[PDB]
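Number of protein chains: 2
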Amino acid sequence: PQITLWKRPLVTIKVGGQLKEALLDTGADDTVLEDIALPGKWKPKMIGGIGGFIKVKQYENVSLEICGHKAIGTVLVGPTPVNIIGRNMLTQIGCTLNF
Amino acid sequence: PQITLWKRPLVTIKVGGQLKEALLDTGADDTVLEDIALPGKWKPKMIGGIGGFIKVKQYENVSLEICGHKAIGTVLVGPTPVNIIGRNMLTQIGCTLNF
Ligand SMILES: CC(C)[C@H](NC(=O)[C@H](C)NC(=O)OCc1ccccc1)C(=O)N[C@@H](Cc1ccccc1)[C@@H](O)[C@H](O)[C@H](Cc1ccccc1)NC(=O)[C@@H](NC(=O)[C@H](C)NC(=O)OCc1ccccc1)C(C)C
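Just so you know, the sequences run in chain order A and B. When the letters of the first sequence are read in order and numbered with PDB author numbering, they come out as residues 1 to 99. When the letters of the second sequence are read in order and numbered with PDB author numbering, they come out as residues 1 to 99.
If you are wondering where the hints come from, they were derived from the structure by calculation, not from laboratory data. One thing to keep in mind: the hints can contain errors.
Unchecked claim - DSS-like mimics (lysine-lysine), calculated; alpha carbons at most 25 Å apart, straight line:
1. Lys57(B) to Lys45(B)
2. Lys41(A) to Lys20(A)
3. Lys41(B) to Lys7(B)
4. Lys20(A) to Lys14(B)
5. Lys43(B) to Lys43(A)
6. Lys7(B) to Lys45(B)
7. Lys14(B) to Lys57(B)
8. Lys14(A) to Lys57(B)
9. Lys45(B) to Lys7(A)
10. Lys70(A) to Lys55(B)
11. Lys55(A) to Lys41(B)
12. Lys7(B) to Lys57(A)
13. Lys7(A) to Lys43(A)
14. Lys43(B) to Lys55(B)
15. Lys7(A) to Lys55(B)
16. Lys7(B) to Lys70(A)
17. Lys70(B) to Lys45(A)
18. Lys57(B) to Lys7(B)
19. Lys43(B) to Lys7(B)
20. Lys7(A) to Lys57(B)
21. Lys43(B) to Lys55(A)
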């Protein structure tokens with residue numbers, strides 16, 4: 001789909017059996033989810049944004065369905081207030097910016 | 001142009017006579033610039049991101065050339081480590097996400 005940007009580009013995702021809403025975020029290197037049970041091992045990670053850094057749990061090879069497009073990759077889990085779909089995943093779904 | 005997302009979608013901008021690089025950020029409501037002299041009055045504002053908030057100066061009706069596309073709108077100036085082009089400006093330049 002072609003998403004304009006008059007509102008937040010929120011999409012439905014499916015990750016770990018759960019339905020979430022998430023923001024297609026070209027300003028995010030990484031994909032970051034809140035309030036998901038993600039199963040298995042992970043590695044400690046820090047991501048920075050405006051106003052500072054959060055600790056996150058890095059999960060590799062996580063399966064994600066973003067707006068009916070399957071991607072597999074790194075998903076950070078941590079206390080972000082918005083589910084973020086970052087470029088690692090946006091590239092996997094063929095997502096581009098256009099103007 | 002059609003920008004893929006294999007790297008940060010950084011563009012050249014002109015703002016207040018200055019040439020900056022900025023990130024086309026679909027996850028930003030607002031456009032936030034660092035290290036620019038912006039002339040005139042403003043109002044105090046707070047933006048939130050990952051890890052917290054920053055205080056910004058809000059400038060209204062600021063002229064921006066983003067990748068050869070002129071936009072006029074609200075530009076926040078504050079201690080962001082990345083110049084951000086947010087949706088208020090991305091809409092003005094006709095920018096969409098596509099996959
Ligand atoms: C989500 C992250 C993975 C992403 N960061 C990255 O990808 C970074 C560069 N990479 C990275 O961390 O890699 C690992 C690393 C570790 C150590 C050293 C080096 C590298 C990010 O924060 N990206 C942001 C762009 C950016 C990049 C670098 C530096 C600064 C900003 C926005 O796109 C991203 O969408 C965040 C997401 C977010 C929003 C809100 C809360 C939590 C997270 N939005 C923002 O920070 C923007 N906020 C918003 O637009 C919010 C939604 N509106 C807002 O605050 O409005 C004012 C308001 C005030 C009060 C109440 C209501 C509204 C900001 C640019 C204006």
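Taking the hints in turn, this is what the structure says about them:
For the suggested pair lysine 57(B) and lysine 45(B), the alpha carbons sit about 6 Å apart, so the restraint of at most 25 Å is met. Pair hint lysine 41(A) plus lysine 20(A) holds up; C-alpha atoms about 22 Å apart against a cutoff of 25 Å. A C-alpha spacing of about 36 Å is found between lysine 41(B) and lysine 7(B), which places the hinted pair above 25 Å, so the restraint is violated. With a C-alpha separation of about 38 Å, the suggested pairing of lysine 20(A) with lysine 14(B) is violated against the 25 Å cut-off.
Under the criterion of a C-alpha separation no larger than 25 Å, the hint pairing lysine 43(B) with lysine 43(A) is inconsistent with the structure, at around 42 Å. For the hint pairing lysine 7(B) with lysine 45(B), the CA-to-CA distance comes to about 30 Å; that exceeds 25 Å, so the pair is violated. As the CA atoms of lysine 14(B) and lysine 57(B) are separated by approximately 19 Å, the hinted pair is consistent with the 25 Å bound. Restraint check for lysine 14(A) and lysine 57(B): the C-alpha separation of about 38 Å exceeds 25 Å, so the hint is violated.
Restraint check for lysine 45(B) and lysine 7(A): satisfied, since their Cα atoms lie roughly 20 Å apart, inside the 25 Å limit. The hinted pair formed by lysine 70(A) and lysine 55(B) fails the criterion: a straight-line CA distance of about 38 Å is larger than 25 Å. Annotation: proposed proximity of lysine 55(A) to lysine 41(B) is violated, straight-line Cα distance about 37 Å (limit 25 Å). For the given pair, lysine 7(B) sits about 23 Å from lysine 57(A) by alpha-carbon distance, which is consistent with the 25 Å threshold.
Note on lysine 7(A) and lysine 43(A): the hinted pairing is violated, with a Cα-Cα distance of about 34 Å set against a maximum of 25 Å. For the hint linking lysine 43(B) to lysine 55(B), the alpha-carbon distance of about 11 Å falls within 25 Å, and the restraint holds. The hinted pair formed by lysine 7(A) and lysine 55(B) meets the criterion: a straight-line CA distance of about 23 Å does not exceed 25 Å. For the given pair, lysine 7(B) sits about 20 Å from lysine 70(A) by alpha-carbon distance, which is consistent with the 25 Å threshold.
Taking the CA atoms of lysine 70(B) and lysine 45(A), the gap is about 38 Å. The hint is violated against a cut of 25 Å. With a C-alpha separation of about 29 Å, the suggested pair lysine 57(B) and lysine 7(B) falls outside the 25 Å cut-off, and the hint is violated. The straight-line distance between the Cα atoms of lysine 43(B) and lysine 7(B) is roughly 34 Å, outside the 25 Å bound, and the hint therefore fails. With a C-alpha separation of about 23 Å, the suggested pair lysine 7(A) and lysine 57(B) falls inside the 25 Å cut-off, and the hint holds.
A C-alpha spacing of about 32 Å is found between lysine 43(B) and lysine 55(A), which places the hinted pair above 25 Å, so the restraint is violated.
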